Every structure is written in structure tokens, then in C-alpha cells.
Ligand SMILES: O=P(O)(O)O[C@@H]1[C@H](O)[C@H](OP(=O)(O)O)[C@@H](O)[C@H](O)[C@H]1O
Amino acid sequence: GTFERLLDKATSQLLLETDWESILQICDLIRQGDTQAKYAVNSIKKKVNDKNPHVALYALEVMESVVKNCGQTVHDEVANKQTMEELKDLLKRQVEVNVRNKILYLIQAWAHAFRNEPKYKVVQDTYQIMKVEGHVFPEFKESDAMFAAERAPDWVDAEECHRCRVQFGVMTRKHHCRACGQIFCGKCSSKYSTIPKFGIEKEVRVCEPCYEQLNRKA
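Now I need the structure of the chain on its own, in the form solved in complex with the named molecule.
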């Protein structure tokens, strides 16, 4: 029961200050596959709801790290209605400022990190409604919300268009979709889109399948 010992250690009400080494080890356990994301997150959540606010805050610190460091299987456990309702309720009953601030901080950082994913829109909606209702968030640093970004794919070379298979030549020239990296003729890659996921906020050439995925993602 390594995960459980580490989580107890990291959230102890005898712990003076945050135990980063246990937290990094917990993240490694989830990344290596030794602890499954669902179980890990549910376990951390039990600690978040502890009556002692030192334990609760240490638990939120574990939650922050596992979300930042462990990928989509952990994102999917927090970026949902159930967790947003739980955090709103936890916020409502907090008296200690550092705990209230940490919850607000996380809602905001996650809302940014998960923006333009329809599945996770409930996080942005929670941020928006808390802001509307007068909750003052800590100052946002974009650096706290880059953890889900990926880089754009490498480009493929081929002698025909990936979509229509027209053969490239001197007068049928090559283009690429920045979202999938495939190679296209001009007719098949006429769309332009940003690609927030890859850090692209300029409008860049995409194919129609990628344009629609990204269009409906916005």
C-alpha cells in the first residue's frame, strides 16, 4: 500500500509544511501505472474534505500536482460536474483564507488549461459563475495552466493528397494541415484555424476534418 502511505504522509496533521518528495512519488506511481487515476483522485478527495484545514490544504496541494503532472486520465477525474459541485460546496463552508484561495486558484487554473475542450466546459462555467457571484480569484499566471498543452505534429511527406489522393506535381502543389500534420492539396486544406491545444493562437492552415473538430471545440 505505497500510494496510501505516501498520501497519508503528505497530508498528515503533524506535517509542518508541504512534503514535496512524497507528492512527486505519488505522481510517479500514477504515471508508472501502479495506482489508477480514479482511485488516486477519490482518495485525495477524501483528504480534501478533512475537518482540519491544514490537512485539507495539503490535500489540495496533492490534487494540484497530480492534475498538473499526470495527464488526461487524472484531468478527466477533476474536470467534471461532480468535482465542480464538490469544490463549490467546499468553498461555501471554508472559513480559512488559504483554503478558499487554493480552491479558487485551482478552478481558475483548470478552467484555463481545459478551455476549448467541450467535455470540460463545466470547469470554465464554474469559474464564470463564481466570478459573476463576486468571488475574487488570485491573479492569473498563464504559467500555471500550460500543463495540458502539446506540441503540433510533425509534417508528413507523400506524393498524393491525403484526402482526395490527387497526385502532387509542379502545378498541384503541397500544403500541410498544422493540426494533424498530413499533406494536402490546396482544395483539401483551404481552412484556417487557431490551435490553442498546441499553443497556436494565430490562424493557420488546416484540413476540413481538423477545422470542424476545432470549430465545434469552440
Contents of the next structure:
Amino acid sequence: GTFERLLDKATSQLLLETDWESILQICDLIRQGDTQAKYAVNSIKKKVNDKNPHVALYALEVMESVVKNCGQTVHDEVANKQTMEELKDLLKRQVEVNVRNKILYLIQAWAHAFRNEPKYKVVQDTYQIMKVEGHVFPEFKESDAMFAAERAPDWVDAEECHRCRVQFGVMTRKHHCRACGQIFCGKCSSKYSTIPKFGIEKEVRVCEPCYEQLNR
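Mind giving me the form solved without the named molecule, seeing as the form solved in complex with the named molecule was just shown?
If you are looking for partners or other molecules, they are not here, because only the chain is given.
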């Protein structure tokens, strides 16, 4: 029950300012895998759509933080067509300027944050649409779009290659994919890539599926 208690606490109409303690605990729960991102983001979205603009604004601040801090598992839940449509709709019916302004702030911030990720293009597409419709965005600060690097996965040991199942031995050395942490023979891990999301800016060994996910 902790995620839910905290979300309630963070979006209380009693608050005079952002409850950073509760927000950062919510971020930690998602990063640690204690709370699933889809459920978390769905729960926050329910609050974003509240008729009370204080609740909606506080919920948008929770959304801002989970996106900034929680990595791809959360980005997958916001940088999609369903969410962009819901925010376009919300922005169109919202009569409260601070909620409106925050939606614009976030769309702009995310569109810049996601500029290297083709799977997330719908956010930049939505930004451009909104500008054509006449929305005046707040001035952009680089700081808005600077997200926390994610933690690279721990490496797995095993007796055989994760892909081809060859047995490791003297003539078949163990290697690891830096992107997923699984264990491979050399034949199955002969690709090299940067991994920006983990702050890896040198080309490091990856498996073939990770290589293709990374080099779209």
C-alpha cells in the first residue's frame, strides 16, 4: 500500500508546496522495481485528470519527477500515442492556467529529452502540433530535459551462452552484454555500441538484440 499512500499524500489539497519527500520515495519505488511503472503511471494519470486544479497540478509535478528520475520503464508509459492524445485533450478542455502551463512545459521538456529516441518521436510530433495550433510555450531551460542516467544491469553468470547455449570452457570464454547483463559467447556478442541511457559514451560489447534496439 505504500505507493498508493504516497501518491495520495503528494497530491493532497492540503499541501502548500510540493511534497518532495513523497515524490522521491515514489521515484525510488519505481527505480527499485517495487512498484511497476505501468501501474504507477496509470495511477498518476488518474490524478492529472482531476477536476480540482490543485490536485491536477500536483499530479503533473509527480509525473515530471517520475519521468526525470525513473528511466525507460516510465518513458515507455508517457512517450506514446495514447498519452499524447490524453494530454492534447486535457490541454484543450482545461480552464486553469497553471495546469495548462505545466502541460506545455512538460511536452516541451520531454520532446527535447527524447530527441535521440525514435520510439518516442510522438512527443516531439505533439510539441510541433501544439505550436501550430498557437500555444505559447514557456522559455526552455536545458536543465528541464536533463534526466537521470539509469543504472546498468548486474551481470549474470551461467554455464552456457544465453543465445546459442554453447557450453563455456577453456576455448569458449564468457562475455557479457553491457546493455542487458546476460552472458554470451563471443560469436553471440560481437557488436559494440554506446549506451547513452547508462552514461556509457564509449562503444562497449553488446548482444545483437541490444545492438539493434540501441542503433535504430
